[PDB]
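K.L.:
For chain A, the structure is supplied; the task is to place chains B, C and D with the ligands on it using the hints.
The residues making up each chain are set out below.
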Amino acid sequence: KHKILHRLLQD
Amino acid sequence: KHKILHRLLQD
Amino acid sequence: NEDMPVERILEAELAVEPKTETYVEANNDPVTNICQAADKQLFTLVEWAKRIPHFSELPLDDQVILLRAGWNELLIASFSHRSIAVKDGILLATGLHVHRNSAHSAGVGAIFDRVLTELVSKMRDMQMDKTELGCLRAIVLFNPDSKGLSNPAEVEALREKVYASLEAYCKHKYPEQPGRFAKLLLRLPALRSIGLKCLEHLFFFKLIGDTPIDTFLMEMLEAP
Amino acid sequence: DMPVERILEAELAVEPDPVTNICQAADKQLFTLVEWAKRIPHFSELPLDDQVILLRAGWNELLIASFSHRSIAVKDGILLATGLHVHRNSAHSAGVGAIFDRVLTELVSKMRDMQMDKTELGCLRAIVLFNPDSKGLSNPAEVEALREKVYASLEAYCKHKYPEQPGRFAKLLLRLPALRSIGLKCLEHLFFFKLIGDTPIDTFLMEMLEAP
Ligand SMILES: CC1(C)CCC(C)(C)c2cc(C3(c4ccc(C(=O)[O-])cc4)OCCO3)ccc21
Ligand SMILES: CC1(C)CCC(C)(C)c2cc(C3(c4ccc(C(=O)[O-])cc4)OCCO3)ccc21
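Heads up: the protein sequence lines correspond to chains A, B, C and D, in order. Counting the first sequence from 1 gives a position; the UniProt record's numbering is that position plus 685. Counting the second sequence from 1 gives a position; the UniProt record's numbering is that position plus 685. The third sequence lines up with residues 227 to 253, 262 to 458 when you count with the UniProt record's numbering. The fourth sequence lines up with residues 229 to 244, 263 to 458 when you count with the UniProt record's numbering.
For reference, chain A alone in the conformation it holds in the complex:
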């Protein structure tokens, strides 16, 4: 859904 936002938050 939100590739960019999720990645920055998780990793």
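Careful, some of the hints might be misleading.
Coverage of chain C stretches by chain D, computed from C-beta distances (three or more under 8 Å per stretch; other residues unrestricted) [to be verified]:
#1 406-419
#2 426-438
Okay, derived cross-link-like pairs now, SDA-like style, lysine to any residue, Cα gap no bigger than 20 Å in a straight line [what the hints assert, rightly or not]:
#3 B:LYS686 - C:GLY382
#4 D:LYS395 - C:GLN411
#5 B:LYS688 - C:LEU383
#6 A:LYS688 - D:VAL298
#7 B:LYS686 - C:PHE277
#8 C:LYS321 - C:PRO244
#9 D:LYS431 - C:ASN377
#10 D:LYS431 - D:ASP273
#11 D:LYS417 - C:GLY413
#12 C:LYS321 - C:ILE310
#13 D:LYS417 - C:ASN227
#14 D:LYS395 - C:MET360
#15 B:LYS688 - C:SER290
#16 B:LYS688 - C:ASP296
#17 C:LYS431 - D:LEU436
#18 C:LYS417 - D:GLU394
#19 C:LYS417 - D:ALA391
#20 C:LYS284 - B:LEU694
#21 C:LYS381 - B:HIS687
#22 C:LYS431 - D:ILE428
#23 C:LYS245 - C:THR328
Calculated directly from the structure, the hints in this document are not laboratory data. Ideal Cβ positions, reconstructed from N, Cα and C, are used throughout, including at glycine.
P.N.:
Showing chains B, C and D with the ligands alone in chain A's frame:
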């Protein structure tokens, strides 16, 4: 020019 | 609260409150009835404003600007607090009770739900009293950001007088709740957002020409 | 539990066609926005899904608050995170003078007049971030609790730092409705720019504008 509003405020 | 007495603000609120008999006298288009209530309340909103300390002392053109800029939020705040008295839906100033199912069938369920969740439920949970509601509305009224104000500094001064009196009122009435004053002020951004979304709906109804819109509501919806 | 020193640190650690330049800076600042949030006490403890909800809900307001405060020393204009200065006249010639003027008059000028400091700006942004009304939150009560902790800390800071200004705390909170309105209007402009397809829009900004 807001006929009603003016009449109500001046009243 | 010498220059901005909470007692006077409460008085203004009680003075335009719909009467019990209006509700009793009653218990078909939901949107039409709601718009009829809005038009009715626009007249009493002027009466209310005149009773707020110092509003009538502002130049006439500024009184006009403040009411045109805030009527939407001012009316929403009013019926939202009025509605904490019922378990669901909203009580209209005409005495009619509009339930969630009716709002959804009418096609305005999302904004109706926002009002119930962000305003009504929050006001009921914290038991916002009439004095507090009155002060929040006065703060909304004295909006120094309104474009065209001849003397925005005075409006700003009036707003500051209201929140000073409100904080003092909260501290004295609810000493056990230190964050109550901030909690009250923090409902204002939600009120702003909801008011803007409500206006979008009103312009659509007006554009369609399907909904009867009375004289005062129409004047408020038509550009300066 | 919510130290103003930590909020101030979050603010500083991230500290850095007119419309094309502005949108480029916005895309750049979205990356740093996430890092800022991670530095706000307890934000990273919230579930991932709620962290996403809070950022997608308040990014416009969060970014506007940041560049507005950064522009307090600028005359009739704003300072972009990319180092570029955008003057009022340039904004008007680009067709966005109205919203630009709202930012200058309702935010930048107000922040300058009351000399809003970085700690206060940080607390207001933290309050904006912890928005319990955001739709979809799995635990709105937790977010509400975090917001209450921020304004409790903010009020204490104001009473300590500015004891001669009793109404300062309220003055700060009352800039939030204006920020909400300006954020909504800005979002509308971004949607319009995307619709027309006349303005370049980078990947992160594009994603934020992508429907749920
Ligand atoms: C658009 C529509 C029908 C959607 C749903 C809600 C209930 C928000 C709504 C509210 C209004 C109203 C309004 C409604 C009721 C009252 C009242 O009964 O006091 C006074 C004002 O007008 C202006 C602001 O709020 C008008 C239209 C709508
Ligand atoms: C619509 C347009 C071009 C009009 C003028 C303003 C300056 C309000 C604006 C603001 C934004 C911005 C933004 C602008 C600058 C920066 C920065 O420099 O930190 C970061 C974010 O993005 C999202 C919110 O605010 C984007 C577009 C516009």
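K.L.:
Out of the numbered hints, which ones does the structure contradict?
P.N.:
Going through the list in order, the structure violates no hint and respects every one.
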